[PDB]
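As structure tokens, one chain now follows by itself in the form deposited in one PDB entry.
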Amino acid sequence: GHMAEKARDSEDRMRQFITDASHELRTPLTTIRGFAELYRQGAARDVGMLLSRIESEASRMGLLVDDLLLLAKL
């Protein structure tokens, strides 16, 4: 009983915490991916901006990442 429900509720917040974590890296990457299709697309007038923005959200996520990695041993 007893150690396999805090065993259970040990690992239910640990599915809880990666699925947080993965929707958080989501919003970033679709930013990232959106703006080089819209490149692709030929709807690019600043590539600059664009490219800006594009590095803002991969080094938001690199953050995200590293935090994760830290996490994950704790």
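Numbering follows the first chain given and starts at 1. The term rigid core refers to the most C-alpha atoms you can superpose between the two forms while keeping them within 1.5 Å. First, how it differs from the form deposited in another entry.
- Core-superposed comparison between the two forms: the C-alpha position of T19 differs by no less than 2 Å.
- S52 is not among the residues whose C-alpha shifts by 2 Å or more between the two forms once the rigid core is aligned; its shift stays under 2 Å.
Can you switch from the form deposited in one PDB entry and show the form deposited in another entry instead?
Lone chain follows.
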């Protein structure tokens, strides 16, 4: 009945979140990897921009991870 429905709706919504989050974490991770490669190969300049980009991507990932943790507690 209705309580089973709410719990199920809640589980389904969480499952989708984890899907979307995981897809969205994949993108920063590929960015870090790709940029790191280019830099190692000598194809780029300003290592401070590489590290600033890594800092940015990591901060974004932090917020995604924390969103999941908080969702779990709501």
